[PDB]
Amino acid sequence: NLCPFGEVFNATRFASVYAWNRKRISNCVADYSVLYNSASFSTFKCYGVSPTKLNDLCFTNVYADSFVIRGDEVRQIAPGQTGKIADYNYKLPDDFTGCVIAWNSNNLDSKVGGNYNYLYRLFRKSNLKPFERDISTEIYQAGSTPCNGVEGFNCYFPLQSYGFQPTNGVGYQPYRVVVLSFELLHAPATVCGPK
Amino acid sequence: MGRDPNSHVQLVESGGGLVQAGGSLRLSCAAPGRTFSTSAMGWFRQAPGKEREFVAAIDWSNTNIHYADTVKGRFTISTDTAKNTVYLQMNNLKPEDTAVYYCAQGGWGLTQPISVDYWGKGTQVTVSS
Ligand SMILES: *[C@@H]1O[C@H](CO[C@@H]2O[C@@H](C)[C@@H](O)[C@@H](O)[C@@H]2O)[C@@H](O[C@@H]2O[C@H](CO)[C@@H](O)[C@H](O)[C@H]2NC(C)=O)[C@H](O)[C@H]1NC(C)=O
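For the protein sequence lines, the chains are A and B, in the order given. Quick note on numbering: the first sequence equals residues 334 to 528 in the deposited numbering. Quick note on numbering: the second sequence equals residues -6 to 52, 52A, 53 to 82, 82A to 82C, 83 to 100, 100A to 100E, 101 to 113 in the deposited numbering.
In case anyone wonders, no lab produced these hints; they're calculated from the structure. Incorrect hints may have been included.
Simulated crosslink set (EDC-like; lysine to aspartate or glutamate; CA at most 20 Å straight-line) [to be verified]:
#1 A:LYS356 <-> A:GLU465
#2 A:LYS386 <-> A:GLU465
#3 B:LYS105 <-> B:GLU44
#4 A:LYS417 <-> B:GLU44
#5 A:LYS386 <-> A:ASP405
#6 A:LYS386 <-> A:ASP420
#7 B:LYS75 <-> A:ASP428
#8 B:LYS75 <-> A:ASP427
All chains, full assembly: derive it from the sequences and hints.
Here you go:
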């Protein structure tokens, strides 16, 4: 029973980063070689594990988080980073155990006139904790005047659209990102390599 | 003041200097290993007119050690137990080892040993004949 990685990486549609998707992966054999032999990824790095050893390891829980961000924001999907993605949308732990995988999706996620379906959070009263998700749409109080859900001066709707356009430079183009987290919790293993 | 001078993660190298060929020298890199204990630590070097090249890599558990072929049997990478410092012990130094040596923190890459997240400022090593 092979793990449903084709579902995660080859899905027609990806989530916005503020509403990033989580898929639990369990009770299956994980052929990471379909990934670590492929040459389609612009980013493929792991923390606490080596990419060539994943086929020899067993884990209690495996989660696949996926979303779309700009190419020049992929750097923020790393331990210790700051910026609107790391602070307000998707936060990796400082001691992250897992892998970060990304690839250019300009051919799929850009549109003439701009694809406005992909959103990110621009304002928040505090930084996200690791693996936290915030899907609220409350008006952000940037000044001394309470907003009371009314959008206006100093009172901002907290989400903004990327507006991906196909003629953008590579840094401004959309990138699809999958974060694999490998969890050990003193229980039997559910996900193992093809051994 | 490593490549991103405003980031929370900072790496500071020390120990560079002038050494005679055949001598030894140990570089140090202060690093936030207690906090970022799962990241890969590595050493790079860049000589004048040449591209930066990989030298050595290690995790904070003193395992998963990688070496470039040019330094195998001469260089040794290691960490301290409290996860505060990375080291590059250098033995039987040659003139070709002259370069600015950079410390780096990142993840274990698929196409290369380390996909770097953070860079140090570098320390100059000069080997004379
Ligand atoms: C994600 O899909 C790629 C692309 O595969 C193509 O589309 C599939 C729906 C199916 O119709 C394939 O036959 C197509 O080639 C997968 O990459 C392929 O992987 C197989 C091995 O499983 C390899 O023989 C092919 O050469 C690959 N094709 C390309 C274009 O690289 C990939 O494996 C899928 N990802 C996951 C995680 O399953």
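Hint check:
1. Pair hint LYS356 (chain A) plus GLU465 (chain A) holds up; C-alpha atoms about 14 Å apart against a cutoff of 20 Å.
2. For the proposed pair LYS386 (chain A) and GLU465 (chain A), the alpha carbon gap of about 28 Å is over 20 Å, so the pair is violated.
3. In summary, the hint linking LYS105 (chain B) to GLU44 (chain B) is supported, as the alpha carbons are separated by about 16 Å, within the 20 Å threshold.
4. Taking the CA atoms of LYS417 (chain A) and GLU44 (chain B), the gap is about 33 Å. The hint is violated against a cut of 20 Å.
5. Between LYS386 (chain A) and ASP405 (chain A), the direct Cα distance comes to roughly 29 Å. Violation of the 20 Å bound is thereby established for this hinted pair.
6. Annotation: proposed proximity of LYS386 (chain A) to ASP420 (chain A) is violated, straight-line Cα distance about 31 Å (limit 20 Å).
7. Restraint check: the Cα-Cα separation between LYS75 (chain B) and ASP428 (chain A) comes to about 13 Å, which is no more than 20 Å; the hinted pair holds.
8. Note on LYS75 (chain B) and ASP427 (chain A): the hinted pairing holds, with a Cα-Cα distance of about 14 Å set against a maximum of 20 Å.
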